[PDB]
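2 protein chains.
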Amino acid sequence: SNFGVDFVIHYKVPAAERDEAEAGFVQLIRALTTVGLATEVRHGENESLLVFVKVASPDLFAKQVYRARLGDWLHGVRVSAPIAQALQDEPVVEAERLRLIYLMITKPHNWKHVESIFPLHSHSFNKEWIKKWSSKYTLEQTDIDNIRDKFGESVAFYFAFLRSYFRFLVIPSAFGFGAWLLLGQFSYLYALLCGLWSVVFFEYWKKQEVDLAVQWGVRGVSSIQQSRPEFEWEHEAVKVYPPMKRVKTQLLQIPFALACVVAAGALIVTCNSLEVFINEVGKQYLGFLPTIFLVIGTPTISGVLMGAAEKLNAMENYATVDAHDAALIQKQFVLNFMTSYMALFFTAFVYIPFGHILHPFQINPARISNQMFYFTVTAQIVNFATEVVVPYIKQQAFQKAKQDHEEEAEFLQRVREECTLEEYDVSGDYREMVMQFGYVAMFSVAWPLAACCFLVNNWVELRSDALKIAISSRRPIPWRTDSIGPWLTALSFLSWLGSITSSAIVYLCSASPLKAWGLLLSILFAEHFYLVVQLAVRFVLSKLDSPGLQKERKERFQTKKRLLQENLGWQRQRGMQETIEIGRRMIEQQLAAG
Amino acid sequence: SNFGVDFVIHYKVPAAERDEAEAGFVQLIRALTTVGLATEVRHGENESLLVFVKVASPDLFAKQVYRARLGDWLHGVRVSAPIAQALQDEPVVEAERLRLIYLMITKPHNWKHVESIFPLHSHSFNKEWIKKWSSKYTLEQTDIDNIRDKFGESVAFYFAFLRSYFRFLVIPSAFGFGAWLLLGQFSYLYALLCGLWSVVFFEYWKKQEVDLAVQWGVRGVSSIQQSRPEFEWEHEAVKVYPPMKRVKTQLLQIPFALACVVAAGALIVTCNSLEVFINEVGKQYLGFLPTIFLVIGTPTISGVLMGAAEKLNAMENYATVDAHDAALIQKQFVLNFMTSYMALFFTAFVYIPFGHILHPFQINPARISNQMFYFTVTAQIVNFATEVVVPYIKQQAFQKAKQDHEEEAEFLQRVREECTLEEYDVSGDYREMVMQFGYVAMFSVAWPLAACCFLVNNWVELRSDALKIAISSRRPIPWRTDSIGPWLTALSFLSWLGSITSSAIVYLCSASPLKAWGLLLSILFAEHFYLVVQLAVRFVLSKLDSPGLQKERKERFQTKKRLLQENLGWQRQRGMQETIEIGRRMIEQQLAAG
Ligand SMILES: [Ca+2]
Ligand SMILES: [Ca+2]
Ligand SMILES: [Ca+2]
Ligand SMILES: [Ca+2]
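The listed protein sequences derive, respectively, from chains A and B.
Going by this note's numbering, the first residue of the first sequence is number 15, and it counts up by one from there.
Going by this note's numbering, the first residue of the second sequence is number 15, and it counts up by one from there.
These are computed hints drawn from the structure, not numbers from a lab.
Hints are supplied without guarantee of correctness; some may be wrong.
It does not matter which identical chain is meant; a pair holds if it fits inside one copy or across any two.
[Stated by the list, open to error] In silico DSS-like cross-links for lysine-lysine, where the CA-CA straight-line distance does not exceed 27 Å:
{"no.": "1", "residue 1": "221", "residue 2": "557"}
{"no.": "2", "residue 1": "145", "residue 2": "259"}
{"no.": "3", "residue 1": "574", "residue 2": "121"}
{"no.": "4", "residue 1": "164", "residue 2": "529"}
{"no.": "5", "residue 1": "568", "residue 2": "253"}
Working from the sequences, and respecting the hints, build out all of it.
Following this line, the structure appears as structure tokens:
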């Protein structure tokens, strides 16, 4: 039970240069209290001063709610519009309570010591929520709407990308179990059910997204963009950066990908040649070490390159934040692409079909159905042990490593422990959950019992991430978006690529020489077939109008209906009898002489 | 100079059943004059009664203009909104003058003798317009906007699809002349310039369309649909037809296409075998007759099948008129597809590559560069002679075939000659102008001097159609639409198909056997390349925002801006000085003991 605290600002004051710190502290307190929010000061841990803020006069906040609530009517966020009477008719949920206060602390008014503004956690909510998700098997729609209020939309959107990827993994699980029991291995009919399913999930998601963004009322938030504060500009007109200076910096991404093809490629050369060096030249030390080299070497080489990619993203300047996450993810996607697939491509397209010709520079049948075992059993239980147990143990032994006070002796002892954690972001979870999908879309026909093991690691990741957010990471500052950023696009590229490599595989590792002809014809057939079932499920799933969408078109019409119903509410042979007389006259005149 | 007449209704009364005709005539006159428009009666020609209507009280018409002008604000046709004051601020153009009167004559109120309602022509406008288009080479944007006012939007839209297809034919003309002079015949570099150009024209058109539909203010008219009056319905809910009865009728289209593959295919078997029958077994009668068999046999076999296709479209019932032209065109497209290409496919994919194997059931090099000469010189000058000269001669000799009267002796003699003509539709012109594009998109690399002859038959068709509308067809009843109906889609299919067949051709009629390998690899490369340059010109031509579009986003904002600016216009350590005092105290308290 927090003491009504809405935010906590850190304001670290070090030993050196501490004389520009007290005046800057007064500059912080005055600028905070002119906005209209109270302040308190406690101790930190070593040299810091945890400043506590909350809103004080509820009328200024209730008008502040209105000052953006009828800002959302302006830019076409929602259609409807409600004199400070937005509290009883439709209340303020805990998204809009904590976002607008965060919009009052950082503002364009129309600081090199503040470490990190961060909200607090309510632990009376956590032991209900993490328990009640673990006694259910499925999850209802109304339980995701109980995670929107307390965390935001962009944290609540990832849990709806998981739930609607759960229940579409049950199709190629069961029809993947059949192709492990009934049909033989590497068969073509699995390579089109996995070809068909990777459009039905991808297109039923893009229709469920614009429905579920209507019901929350945040449909058009991607149209508005706001300025990132670290933007630079030479001369204003709205500000502008010289765009030809961005071409000189964006081109350095090509020596990043050129470093990416050689770095993650260097590990598989270490993996392949150490496999032979321990084979020919401790017998049980030979079969346990190339596993333990690949689980401790890979997330270090993916750490130093992504940290180099995060540095390249800040040097390449960007204007808007929506164009900032559209370039961090692409420079991070190619990095995690060549790390979690170039151990698998080189086995299936070079090692197993060309195992005769590469030999003077035999072939064993136990590698492609064994390396796919790696990325499905032992590279997930080393991941679930790392994503939860390692930070929980690292923070528990660190708690023992230490060397008005009525209830504040414990309330400071909760919030001081918070600020040494990391801010949880749903960028990394989407990057994993979009990389894991690949295996069951490109390299799945090489071992058709891959879906039925991924469906048990998404009934735990649906509650592992619910555990990680509340025991090992401070609450994310709530944001709003409509779709899953740029992830949806690079989800499409993991569909077409999955439908090509898969077709080539259903032909090589199965005509006597199996090369040139059947291979190219099979890939062309499986590619053209994809580009035809990407239209029919763009045609069946486009004549089905959603219920939500009705709530937009009616209220657009009904408001437009109500708006104008509260504001308005020569040859002259004249004589209509004269005209019909000659009409009955002329038609008999034409028929009394013929 | 017409006498203010806005429409002419025919009302043909025959010999038999003429007793239900005078009472029905009075039923016509009364229902016309209760709407509020005057009536006059003249003679017809043989048994008819040309009824003349015009609007009488300009206040009822000026409110009728408003009754749909603020109907267009309701359904989101345009954003802006102007008490019968829509005459001086923005006047009524001659589209909206003649459409609304036509919307008063046919109405849902909220007749088996009336032949055809049709507007009249102003011949003081025609001799200016057809002359002034023939003294210019190019055409300015402001001259197409002088054809919108007098004819509509859907007649004025076809002249903007021609003008922006004129000036993009100048690219593969000049770079087609080079591939006839510099480079050799059947070269691959022409097969990608024709591959690139068929996206740049197709994507620059779809961007110029939403611009030019903004400036006319008819942007969203395709969203509204209205009921076709000949619709049937069993039980209402808005009415509804049983949709499973439509599946029983729509399936009969498959025996139409199955009749289409055999009928137009039967003519080329007649073309091929009569060529040999006159070759072996009058020397100048041998080289002139297979031309004269193909120009008089083809538009008869395309007449009886399209008339069968028009009968199938009326039997298959449809609700809305927008779903009526989306099924007449598709059933007419496949008919004109297999007639103007299956004489050309069978030559280029069977005759010239497989000329050895088919021979016992030699090969000559003079057929593919001679049959492409047919569809470019002699099948256009037989078409321009048919589209203009034949109906003008047929109507001139028919004028000699005949067997209050102050100025009405000549004014009846103009309007009586009108009603025996045909109602001009821009469906057929789009069908031709979309079929002719194919030759320069699929079969163009087989004879790279095809564009430079199509660019002189579109400087005449740009004024032949301007001649046909005013000398040989009554004025079309003005309509409104935003895009070129369903033509734009089946324009896209003529792009991908053009990029495949063309790639196969650049490999067959040019490895020694030229088969299986290079062929499939070349088509795959030219198809994948297409699907990559369909993204870059969906990315360069999508970061360029149009000027028109600015006029929508500002006036949406400025109205929304103006609308709300004309209606509105605990731990308590209180004392901001107390808070900053302990703040300067604690940071020294933490640094007077360390
Ligand atoms: Ca995981
Ligand atoms: Ca994870
Ligand atoms: Ca023509
Ligand atoms: Ca024509």
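- Item | Violations among the numbered hints | Numbers 2, 4, in rising order.
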